[PDB]
Amino acid sequence: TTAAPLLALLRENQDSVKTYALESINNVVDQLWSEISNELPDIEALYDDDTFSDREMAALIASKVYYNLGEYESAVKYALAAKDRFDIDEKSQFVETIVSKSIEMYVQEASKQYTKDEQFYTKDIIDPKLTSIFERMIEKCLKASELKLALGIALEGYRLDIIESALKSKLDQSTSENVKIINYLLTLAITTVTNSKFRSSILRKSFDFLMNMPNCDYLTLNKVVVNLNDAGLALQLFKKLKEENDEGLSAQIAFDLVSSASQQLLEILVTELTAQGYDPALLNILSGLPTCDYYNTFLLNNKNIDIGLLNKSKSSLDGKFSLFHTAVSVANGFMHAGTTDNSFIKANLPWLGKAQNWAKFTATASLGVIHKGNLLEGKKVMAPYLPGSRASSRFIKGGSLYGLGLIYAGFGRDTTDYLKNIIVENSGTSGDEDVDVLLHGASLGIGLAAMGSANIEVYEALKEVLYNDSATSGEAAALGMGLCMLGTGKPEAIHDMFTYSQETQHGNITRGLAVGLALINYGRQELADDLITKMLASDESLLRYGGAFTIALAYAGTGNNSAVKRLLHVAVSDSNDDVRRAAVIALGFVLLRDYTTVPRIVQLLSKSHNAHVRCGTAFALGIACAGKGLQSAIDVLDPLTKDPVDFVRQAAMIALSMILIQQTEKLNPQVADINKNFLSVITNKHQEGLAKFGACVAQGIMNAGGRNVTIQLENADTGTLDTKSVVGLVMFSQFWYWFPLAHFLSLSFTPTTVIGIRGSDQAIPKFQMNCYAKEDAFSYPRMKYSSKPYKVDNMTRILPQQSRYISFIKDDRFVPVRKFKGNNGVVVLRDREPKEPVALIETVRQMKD
Amino acid sequence: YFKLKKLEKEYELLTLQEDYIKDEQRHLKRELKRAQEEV
Amino acid sequence: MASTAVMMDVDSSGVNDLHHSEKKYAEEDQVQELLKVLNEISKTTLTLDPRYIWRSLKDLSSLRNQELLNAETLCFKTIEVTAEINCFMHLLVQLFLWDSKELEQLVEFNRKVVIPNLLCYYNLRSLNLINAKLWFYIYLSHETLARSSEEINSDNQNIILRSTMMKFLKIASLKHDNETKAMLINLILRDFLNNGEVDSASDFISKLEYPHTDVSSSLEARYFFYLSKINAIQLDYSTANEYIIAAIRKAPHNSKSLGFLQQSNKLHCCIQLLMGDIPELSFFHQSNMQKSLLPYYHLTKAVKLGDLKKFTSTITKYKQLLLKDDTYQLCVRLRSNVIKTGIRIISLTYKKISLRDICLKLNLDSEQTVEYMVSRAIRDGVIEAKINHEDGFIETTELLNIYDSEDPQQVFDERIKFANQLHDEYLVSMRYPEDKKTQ
Amino acid sequence: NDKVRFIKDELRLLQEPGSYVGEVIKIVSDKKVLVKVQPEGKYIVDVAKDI
Amino acid sequence: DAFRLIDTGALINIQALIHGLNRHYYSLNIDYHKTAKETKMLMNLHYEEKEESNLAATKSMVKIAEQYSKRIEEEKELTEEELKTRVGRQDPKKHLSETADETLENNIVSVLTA
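Residue numbers (the UniProt record's numbering), protein chains in the order written: chain Z, 4 to 176, 178 to 787, 860 to 925; chain L, 48 to 86; chain Y, 1 to 76, 126 to 488; chain B, 52 to 102; chain C, 154 to 165, 184 to 217, 230 to 269, 271 to 298.
In isolation and in its complexed conformation, chain Z is listed as follows:
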């Protein structure tokens, strides 16, 4: 009824009565807590009275009021106080609320405890009551027995105690699920946790939960390992592999691996597996040339060309003297990238006349592109244009130098170092532009292969070549040096770079240093922030400039909002555009992993007073969706493809085309326009060789490597980043700055190849596995899921998706263990039945290799 009678009872004596009071009161608290709300001080004093037992009643009673007061930590505290008056399975929303309300509070504490200690939860710092009830809810979550529910909590609950046990307990290997439940959180963990260590702790145990091996997924563990970059695991695997040893099992693991571990990391296992004893096939998978072959094989096979239209472009003009004539030196290289053809190259021998000493140089570099992945001939290809075979131009002669490692990146270190020797040879001297280029073109190709390869010499030999202060030469040094130490690099270079930057007197020499910084500040994230800050602190763009890239290479992929947020305002606020522009551009890296809002994001900067803004937009957006969709994102840029400055749209051309390979034709109709708009522009005499350039490029972009090849980074195939995928962009980023660049863009070029291969040494038995996709291998240049046999699955267009509406036939000799791994390029039908039908097929590899 009314509690004034109870408020009467309150201070009225006889704790008995007061017992009765509380109790009685407690039942009717719900209505009258309001009336009661005033006596809480006494109620508090009651709860302070150990003499009177029930006062937890009063506490919980107060808790109730506190809910009805909105007081919760109050309530929780006095819910905590109760424990008895309180019970979890007492159901009131209030309870279930304070149940909840309790739960949360734990987390931050736990987080704040996770802050300090990562075993904090193993310890007392959190109110056990909470932790108990918390885990008792985890129990209830365990009883919920969908433990993702428990997991995401314990995820933030940070208790692997919970997690691991719940896993292991629930590990029955739900065979694939206990694998996947991990992945469900694990993949989530990748997305979730601030502290990787926490998640790193995950990856190990998970692996071990998986290393429990009722044939755990290795590619799972691969990226897991690849995210950890822990050789032992792989070795443990490799052992465990060698224990399990099977060609396709080893191969696919190595195929997992060869798709995954960093060039740097990988060599460990290489050395390891070598030292381990091994399967040389694995060591041969470490080549990956099989793919280069296959890719070329694919290319050479699957190249779709129309150089005529390209010729039509190449005939659309010879001009800008070189500069446009330069674009086609490249767009042709695109289609021919790795495809090893002189098609138009001969078509103009007078080409060289219209080539400029740099284009003459540049045209020379265009080869390694065309020959990319040809692990012998490309050298022999450069041989005539190699130094000592002379050339028409020293710069032509220089082009090979760089143009070389295009094929050999990571594999030409020797020749590189050899060239470096030639560099080192001319390093401390010979300011001849010819030499400079010769130096530079070499100073290009050096870090090219040496990229990811840490050799101080590379850095060093350049460092003075750098320090030799040839805007020509020392520029490439500002890069290769980074390329060397691209990574965490070394701060001393950083000092010196940063030093040289301000120190060395040149625009570009000073400039490119920022890159190498950004290079050797890679994934470092929090690390470079100082230099970043220093770069931020730069009066100049160039440091600030690179800082963005630095923050990118630091934070690229995963968004650091703050970094981004900084980068934004930094870009947003800054005087110099290209800073903004580049900074804007640099966003799409730390923003890579979600292209998603990037359009919505750049939608802000889609509009600007400033083109450079609207320039900077195109890339970062065009970057994140390059291997992706969003005509949305695209169509954002189409007005910007009309943004008055060709240079602006020039990007937008390219930027979109970066997205738009393989996507064409009523899958995407607009490509025609886009292609036309190129041609439009390319035909337009009043559209610039800004525009036409990018267009012809963007065209040939869509057409690169016979147009059948793709562009990938943080490859969902692996799930893993490719630094190399990044680089070409970042390289090409400054170009109308330094034109002889874009050839870097060849990096992310990625095969759509589907070729039978084997889970063994490859008879290349080819089959079209035939599960239907709405047909986008039929949506593609001239010149959904029906689970029906798809028409034709063997190489060509495919798609990562149009891959994944198709599935194998079991009926052939060879079968994958991975149940259609889902990745065209990775191919490898695993080999179940050799020395039989499923015939035999070969390749230029099989020819020479």
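Everything labelled a hint here was simulated from the structure, so no lab data went into it. Treat the hints loosely; a few may be bogus.
[Unchecked claim] Estimated spans, in silico, between C-beta atoms of each pair: (1) Z:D639 - C:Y251: 51 to 59 Å; (2) Y:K485 - Z:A147: 37 to 45 Å; (3) Z:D543 - C:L238: 31 to 39 Å; (4) Z:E26 - Y:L35: 42 to 50 Å; (5) Z:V893 - L:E55: 35 to 43 Å.
[As the list claims (entries may be wrong)] Derived contacts from chain Z toward chain L, CB cut-off under 8 Å, selection only: (6) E149; (7) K151; (8) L152; (9) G155; (10) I156; (11) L158; (12) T196; (13) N565; (14) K569; (15) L572; (16) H573; (17) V576; (18) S577; (19) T601; (20) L608.
Each residue gets a CB set at the ideal place from its N, CA and C atoms; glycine is no exception.
Dock chains L, Y, B and C against chain Z, hints included.
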């Protein structure tokens, strides 16, 4: 509880995604107002 | 017919089907809209014999027939879920005295609707599809009791209800668990206004306002309405009126202006009384007494003078009408206030008047109670004067200044503080087309 | 920004050599329109590409 | 601008030189640099502030009449402006703010002195 962990979590991104903008604005505000001048 | 009756509800359910797939704003506002158009069809002859057959079929639909109570016989798990609930909504609608008289039948039904499979999972799912009014609007009627022996016991069903509304006050988790709520309070408020002493309203205050936006300004005003009446004997006047001032201002009511806003106005009229302000009922001539003002006018008419007898006479006359509105408690005070008011006016206009000449007004009234009576008056300020009986001079102050003080600039500040009202609001709504146009 | 750019936009346009209003006297097949400039004499002169 | 009309090749422009007869405007691409140093000394443009600022232009009240009248005049302009509500710019709800908003601030800064 859970699919939120998937789902719910993702929306602080939006929280952030929201957050950035005013910043841009204030700049842009100033941007006009400084640009506004010589006009 | 019943068809068209059903057809309308088909559209309702069809719009319920909007909300069914995540679409209230349509549904609720449509349901809101539907609530009005509900009066049309009404009844439940074949609407339901065709409804209970159109939807699907459920135990509760059967127990619902106990409310129906009829004979038809004849011949003739998903779509039939919240529709049935949304029809249980209309069940309540069938209870309005529309399609009902004694809902004390329906009382239990309401519970037996409310409590089972309802008042359960609905926190964010049901969006104020609860109408606790139409819940209680039922019980509202029966509270014509009198009869019930209140209720049950005393009167626990309402105590229960209060506690049940309390059981919602929990359920008001502010998960959006709000809208209907402070009706609960409003109930409880008027329940106080039935019996209880509001002041736990302060706790009800302490919680919230009906946060926030989508609540009907009606309630939001009706909120204020009682909330005014809080300050009534809380003896805050402005704020009370401010409520009214925030109630009648923009509460949207024409049909409900009729008997119901008079109520508002009544107390509203009662307000300026509290301040003795007596606005010109020259308007309150209109849409008033008839059945509301004019005793207030008579009050005003008295309060214009504040002539205690003539004052009292009104009360003497209208006490029951006062009692009818329980504005009786008022005015018992403003009696001498206006007396003191007159005392202040066309009188203090000398730097004094004497003891006895100001006592003359009391020589009109009383003597040396004057001392009190003047101190009684001076006590409150409400006048400004002094005296010395040692002087026998009742010394009546200036009240004279200029805007030298920050007093204007206070108001400027007041104006200043408002500078954000429409200014900040413009940004408050800047969104809607601007943001939805993006869509 | 609507203004901003737009405002800024005019400044560009606020920088002109000029636009000569002119008196076309005629064309020839030359696609040089034969034109008397209003104060000046005639100049047979190419057109705007769009006209 | 700066011309130097010929190239090596170019950024390497090329043809007209070897084809002879290079003539044109042919600008170069200008830039320049100084420092943050003189920048200060530059932005030093506009003892000092205190002497230069608050207090140095606290002169207002001299004009309060105008300051009024200026504000006074705003009023009229607007009844006017609002009226047209009953097309293109001069619009009934435009100069209103830009007018009554210019006398708002300049009138608040003076308060800092008092």
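Unmet hints by their number, sorted upward, for this structure: Result: no hint breaks.
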